[PDB]
Amino acid sequence: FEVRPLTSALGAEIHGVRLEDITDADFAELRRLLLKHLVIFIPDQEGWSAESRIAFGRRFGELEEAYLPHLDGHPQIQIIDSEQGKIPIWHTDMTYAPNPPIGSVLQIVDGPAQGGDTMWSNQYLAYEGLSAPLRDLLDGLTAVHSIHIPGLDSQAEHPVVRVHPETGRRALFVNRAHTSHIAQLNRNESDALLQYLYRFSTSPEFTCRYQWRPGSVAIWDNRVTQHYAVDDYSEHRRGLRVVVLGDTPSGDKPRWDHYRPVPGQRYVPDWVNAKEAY
Amino acid sequence: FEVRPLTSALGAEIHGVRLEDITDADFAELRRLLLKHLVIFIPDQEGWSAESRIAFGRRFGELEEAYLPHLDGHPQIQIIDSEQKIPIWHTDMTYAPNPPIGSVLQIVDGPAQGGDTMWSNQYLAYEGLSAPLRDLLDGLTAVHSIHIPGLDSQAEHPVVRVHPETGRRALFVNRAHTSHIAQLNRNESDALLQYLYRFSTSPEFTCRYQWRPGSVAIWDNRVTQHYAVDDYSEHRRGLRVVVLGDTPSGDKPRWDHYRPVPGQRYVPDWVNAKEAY
Amino acid sequence: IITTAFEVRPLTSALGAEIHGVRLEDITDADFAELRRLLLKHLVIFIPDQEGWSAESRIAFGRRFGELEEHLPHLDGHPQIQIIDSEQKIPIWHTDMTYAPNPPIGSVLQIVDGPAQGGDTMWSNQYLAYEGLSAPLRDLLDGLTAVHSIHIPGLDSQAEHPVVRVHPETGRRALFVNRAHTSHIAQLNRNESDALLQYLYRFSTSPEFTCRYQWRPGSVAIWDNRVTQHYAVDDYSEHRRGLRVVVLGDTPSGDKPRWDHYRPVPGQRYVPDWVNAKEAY
Amino acid sequence: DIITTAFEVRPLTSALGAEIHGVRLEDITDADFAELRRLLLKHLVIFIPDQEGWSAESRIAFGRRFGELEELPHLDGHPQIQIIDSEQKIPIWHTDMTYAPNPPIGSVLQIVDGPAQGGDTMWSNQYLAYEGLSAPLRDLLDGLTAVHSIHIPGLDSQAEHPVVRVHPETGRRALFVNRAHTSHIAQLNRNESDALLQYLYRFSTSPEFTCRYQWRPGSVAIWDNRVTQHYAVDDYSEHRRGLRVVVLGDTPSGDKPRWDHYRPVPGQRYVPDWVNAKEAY
Ligand code: NA
Ligand code: NA
Ligand code: NA
Ligand code: NA
Numbered sequence: 009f010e011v012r013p014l015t016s017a018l019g020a021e022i023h024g025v026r027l028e029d030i031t032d033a034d035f036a037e038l039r040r041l042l043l044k045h046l047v048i049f050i051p052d053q054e055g056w057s058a059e060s061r062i063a064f065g066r067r068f069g070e071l072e073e075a076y077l078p079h080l081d082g083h084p085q086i087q088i089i090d091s092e093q095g096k097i098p099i100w101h102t103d104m105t106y107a108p109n110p111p112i113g114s115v116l117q118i119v120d121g122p123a124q125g126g127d128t129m130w131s132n133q134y135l136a137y138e139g140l141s142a143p144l145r146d147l148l149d150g151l152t153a154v155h156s157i158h159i160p161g162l163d164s165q166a167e168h169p170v171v172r173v174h175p176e177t178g179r180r181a182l183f184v185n186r187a188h189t190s191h192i193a194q195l196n197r198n199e200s201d202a203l204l205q206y207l208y209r210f211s212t213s214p215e216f217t218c219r220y221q222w223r224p225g226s227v228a229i230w231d232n233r234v235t236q237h238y239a240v241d242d243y244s245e246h247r248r249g250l251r252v253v254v255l256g257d258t259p260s261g262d263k264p265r266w267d268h269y270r271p272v273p274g275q276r277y278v279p280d281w282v283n284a285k286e287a288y
Numbered sequence: 009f010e011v012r013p014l015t016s017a018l019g020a021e022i023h024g025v026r027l028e029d030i031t032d033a034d035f036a037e038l039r040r041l042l043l044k045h046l047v048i049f050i051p052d053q054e055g056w057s058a059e060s061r062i063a064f065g066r067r068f069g070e071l072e073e075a076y077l078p079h080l081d082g083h084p085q086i087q088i089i090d091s092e093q096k097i098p099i100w101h102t103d104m105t106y107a108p109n110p111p112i113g114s115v116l117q118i119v120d121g122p123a124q125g126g127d128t129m130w131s132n133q134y135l136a137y138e139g140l141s142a143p144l145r146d147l148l149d150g151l152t153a154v155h156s157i158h159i160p161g162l163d164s165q166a167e168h169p170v171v172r173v174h175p176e177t178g179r180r181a182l183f184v185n186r187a188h189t190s191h192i193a194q195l196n197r198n199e200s201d202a203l204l205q206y207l208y209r210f211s212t213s214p215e216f217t218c219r220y221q222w223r224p225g226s227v228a229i230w231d232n233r234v235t236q237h238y239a240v241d242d243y244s245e246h247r248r249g250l251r252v253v254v255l256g257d258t259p260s261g262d263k264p265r266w267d268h269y270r271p272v273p274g275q276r277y278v279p280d281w282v283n284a285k286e287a288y
Numbered sequence: 004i005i006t007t008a009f010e011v012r013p014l015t016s017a018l019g020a021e022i023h024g025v026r027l028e029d030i031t032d033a034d035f036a037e038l039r040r041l042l043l044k045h046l047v048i049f050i051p052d053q054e055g056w057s058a059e060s061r062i063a064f065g066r067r068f069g070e071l072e073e074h077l078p079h080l081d082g083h084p085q086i087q088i089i090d091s092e093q096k097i098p099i100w101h102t103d104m105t106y107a108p109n110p111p112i113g114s115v116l117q118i119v120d121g122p123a124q125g126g127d128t129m130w131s132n133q134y135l136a137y138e139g140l141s142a143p144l145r146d147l148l149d150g151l152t153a154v155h156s157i158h159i160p161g162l163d164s165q166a167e168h169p170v171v172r173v174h175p176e177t178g179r180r181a182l183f184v185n186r187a188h189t190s191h192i193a194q195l196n197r198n199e200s201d202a203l204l205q206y207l208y209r210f211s212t213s214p215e216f217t218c219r220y221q222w223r224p225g226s227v228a229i230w231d232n233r234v235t236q237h238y239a240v241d242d243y244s245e246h247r248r249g250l251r252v253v254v255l256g257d258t259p260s261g262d263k264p265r266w267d268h269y270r271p272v273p274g275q276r277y278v279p280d281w282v283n284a285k286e287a288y
Numbered sequence: 003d004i005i006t007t008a009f010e011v012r013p014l015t016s017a018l019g020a021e022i023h024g025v026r027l028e029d030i031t032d033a034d035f036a037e038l039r040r041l042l043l044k045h046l047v048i049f050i051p052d053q054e055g056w057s058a059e060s061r062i063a064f065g066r067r068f069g070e071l072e073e077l078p079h080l081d082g083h084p085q086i087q088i089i090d091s092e093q096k097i098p099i100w101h102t103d104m105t106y107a108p109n110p111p112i113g114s115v116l117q118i119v120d121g122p123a124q125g126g127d128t129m130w131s132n133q134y135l136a137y138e139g140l141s142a143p144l145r146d147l148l149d150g151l152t153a154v155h156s157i158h159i160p161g162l163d164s165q166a167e168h169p170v171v172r173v174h175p176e177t178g179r180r181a182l183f184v185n186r187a188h189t190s191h192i193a194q195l196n197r198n199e200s201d202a203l204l205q206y207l208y209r210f211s212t213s214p215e216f217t218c219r220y221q222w223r224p225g226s227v228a229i230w231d232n233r234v235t236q237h238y239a240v241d242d243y244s245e246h247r248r249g250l251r252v253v254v255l256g257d258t259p260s261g262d263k264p265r266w267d268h269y270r271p272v273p274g275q276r277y278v279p280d281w282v283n284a285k286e287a288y
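Residue numbers (PDB author numbering), protein chains in the order written: chain D, 9 to 73, 75 to 93, 95 to 288; chain A, 9 to 73, 75 to 93, 96 to 288; chain C, 4 to 74, 77 to 93, 96 to 288; chain B, 3 to 73, 77 to 93, 96 to 288.
The set of hints was computed from the structure by calculation and includes no laboratory data. A hint or two may mislead.
As a list, the in silico BS3-like pairs of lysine-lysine whose alpha-carbon atoms are at most 27 Å apart [stated by the list, open to error]: (1) B/285 x B/96; (2) A/96 x D/96; (3) C/263 x B/285; (4) C/263 x B/263; (5) A/285 x A/96; (6) C/285 x B/44; (7) D/285 x A/263; (8) C/96 x B/285; (9) B/96 x C/44; (10) A/44 x D/285.
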């Protein structure tokens, strides 16, 4: 294939591939490129059949499946629609679950000519760019990730530094959208450290920004990336997505116990957040 | 009386007063001193009778009353008891449409050290802002709210309150109960409130009081914040009467409320945990 | 602004557009006028495949916008053509030379040697940064100025500019502060200034207001320095070399300030609320 | 585990500070001094009221019981007795002279002229600041050092000290950074250092860790500079004058650092995440 990296950190556009009837050997090459580049982009795949899209995702693992919008007859193929909302926050998908997805395949099938880019960030570089004392600290910490909305209540505890199962490389595994707090620190220390990590981890030297064209497919490794959907458009935007499951996140056993507050202790954040959203 | 200011900003201890049978004229002098000093301290009032305490508070206005812990037989005398703590800067109940105008608190049991209370002067917090920022705040309001089981209340108050008696302008936001400024978007609101909260509780604007059993504090909740230091494990018990008055008043806002778009999500710029303790 | 003469591919909604079907070497007056309209519309424009552009043509092109800056490594025999060379980087959001009373009105940059990936440049739209502020905050900023400064050996300069400037050619208002060179807002005390500028710097470089350009062989970027910031991503180790011409002549103008400068008292000390180290690298 | 029963002692807060009654410094005995020194180890700052008229010779002899005294404005004929004068202020949390390799052990200060209210001094307990950190963070800090520095006309000094020092006389660990003079943590990059120090500065001066002293006529404060910060409240306009003796001799000591100094790459630029102005007052 013809491979054109987007940035030094991550991302590559792959020309010369046809997903519809991809061979097992050509798939192995895509998998190798995904381990190298973390998110890959396959242009010009308009018309990709539902059965082929599902078979492709299933090469990676079991697919998430019917209370959410999906293609007729294919609970595996989720519909993302701007009119149904938008996610301008850095996140790693569903890390509030005990077993977050290991990756996704997304194709924007309707969208504006400009606007609605998606950015991804390289969590290997976010960890490696920390100085050695902080890497050593984070290796021994875990964090609670959680969500609390109508119809979905979930929390999970994950290592702050995840060992990728295939590469063995260590990646930061916190994200602003779903991480609540570091379990072995008090909440105020947690807020200060997470605030630094969130901003550092999404430095432009660690990211790439993709402009969607008709027919473009993005495949990303959700074990070692965050992503961000830019909210700079008003046109209708629709995507088809398949979501892949795998093993639970793994890292070092924590080197300290959970922080234990005293009875009646009140968390007073050092930084203001409003009590009412919109 | 013998009046000893605690700091330049606010606070004064008053000797030579006995609250139990205080005269109307001596009460008028206490009120004058409260408008001058914002919080006043009256030592050595052990044994103050419930009837006299209630009568004293009622000189200032209607008293709050029974779901709260209170002295048996006297729903107007609230109980602050460590075994039943508030280490956050706050102005009392500003999530209410009509927050109290002040309180009278007597620590009757407490440790020899630990458990101080601090107050801050919200006149000086406003006056210490530069002119462009004072002008901005004069035209803003803020939503104050609380959302707990059994108590859901919000209220919209001017960011700059005009004290009814002095006519002097005071900042009227506080970290405990203020949610957001209504005419700004939430992110702008967070940034401005963060600055105001820290500036308003600068040591140059505060006083710190060490309680001796029997001491009484009287404060004007229209123009102060306060903070209960959580540095003790011994039993601490206070008796409190809480006074009501008029709704907070300031300028009509100079802009409409900020209106988000239908799908808009608030993404804070600064981390707060999703789980408390 | 009507811009129908060329094939135009916008990069993001906020700003940026790649212009096809134009050759800079022998550009006509009509085609230049269209490029200038595209710059007023899109704030930064990208002209691909201009390898070999002659020095005389590059200078004549720049001079169609205004007087060129002369001095700062430059192409031998052409003081007007400045050299940006990685061997001899700027990963901080900035608007060029705003510590000067007359910052440049824009630049033309061509990366002639660079890596196949790495070294992107981002730009931000200061019109949108201002328009995205709520009305009370726009009203406040309209009446404020800020000091921009630099103090290094051989270059000490400061200038006071409106926080909100009008673009002279469009009449539209834009934010005019940037993290690299703005020091403080003149009518606030320093602590208030720090808090408000910190908010503005991050808000103004939100991804909804930016574009990110990957340089390819022969690419030329032209940007309006009056209403943008930009940022050079520092994610590469290969040699990177650009030729730049800089158009002089901006005079940032806005409303008369509505308050006097903040006046400290004798002996007053600035204590920042947020830590910065006392030693850099 | 220090017994201090000889005098009447009135602690100021749970964290630190105690007012000592029934002792006259002028002709203090060896036994009474030993008790005051125990009270200082226990309470970190002690206050001796009603000592108007304390003679210069007795003040110096008292200081010398603790160690060698520092020897610019000073009492005539007594270079050891420094004059502090509001007309010739410091509303910033600081530990004295930590930019020096050997900061002072402690000081003895008497405000001899001042307002009836205004000009309080606060102290903070750096043992409690460290002990209040969670175990992972205490473990991190135990292995770090920080550069402390000052760069003013006539005084350029820097020193590297453990972030966590052991008090040589109690064996207890205390935080050893302060906002005024600490620059950066040496084993972190500057941005990480800024974030961690900002948290520590605010946490370490929490009201639960401090005391606030109102000076009265004749008041003497004695503090241990090894395990405190302090802060002079700037809420007064009248003349305020103090007499101060400074005890030299500290060598802040802690664990061997567990990591090397952070090494930037050539040409690396420090870009703070938080704004500070470029110009003070
Ligand atoms: Na996502
Ligand atoms: Na209260
Ligand atoms: Na530039
Ligand atoms: Na000092």
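We went through each hint and held it up to the structure:
Annotation: proposed proximity of residue 285 of chain B to residue 96 of chain B holds, straight-line Cα distance about 22 Å (limit 27 Å). Note on residue 96 of chain A and residue 96 of chain D: the hinted pairing is violated, with a Cα-Cα distance of about 41 Å set against a maximum of 27 Å. The straight-line distance between the Cα atoms of residue 263 of chain C and residue 285 of chain B is roughly 24 Å, inside the 27 Å bound, and the hint therefore holds. At most 27 Å may separate the alpha-carbon atoms for a hinted pair to count; residue 263 of chain C and residue 263 of chain B exceed this at roughly 58 Å.
Of the pairs offered as hints, the one joining residue 285 of chain A and residue 96 of chain A holds, with about 22 Å between alpha carbons and a cut-off of 27 Å not exceeded. Between the alpha carbons of residue 285 of chain C and residue 44 of chain B the distance comes to roughly 34 Å, so the proposed pair goes past 27 Å and is violated. Between residue 285 of chain D and residue 263 of chain A the alpha-carbon distance is near 23 Å, which keeps this suggested pair within the 27 Å criterion. Of the pairs offered as hints, the one joining residue 96 of chain C and residue 285 of chain B holds, with about 22 Å between alpha carbons and a cut-off of 27 Å not exceeded.
A threshold of 27 Å between alpha carbons decides the hint, and for residue 96 of chain B with residue 44 of chain C the separation of about 54 Å lies outside it, so the pair is violated. For a cut-off of 27 Å, the pair hint linking residue 44 of chain A to residue 285 of chain D is broken: about 34 Å separates their Cα positions.
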